[PDB]
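Other chains dropped; remaining ones untouched in position.
Order of writing sets the chain letters: A and B. Residues in each chain are counted from 1.
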Amino acid sequence: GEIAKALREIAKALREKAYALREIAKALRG
Amino acid sequence: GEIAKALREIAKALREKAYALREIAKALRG
């Protein structure tokens, strides 16, 4: 369904944010 | 549907937050 697909798109965007947050942690360690 | 469209708008905003978080990571590397 379109609603479930859009919710999965939200989850995908949140995973992109998680990736970026890990990059922030790595930048701080470096 | 309007609800699914709005959920996709939320996903797009979250992708722009991911953009900004990558920008923070780059600023910390520099």
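Operating definition for what follows: contacts are C-beta pairs under 8 Å (C-beta built on N, C-alpha and C of every residue); 3 or more make two chains touch, one makes a residue touch a chain.
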item: Copy count for the complete homomeric assembly [2 present here]; value: 7
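FYI, only the chains that are shown with their structure count from here on.
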item: Length of the line joining the C-alpha centres of chain A and chain B, rounded to whole Å; value: 8
item: Sites on chain A touched by chain B in the complex; value: 2-3, 5-7, 9-10, 12-14, 16-17, 19-21, 23-24, 26-28, 30
item: Touch list for chain B against partner chain A, complex; value: 1, 3-5, 7-8, 10-12, 14-15, 17-18, 21-22, 24-26, 28-29
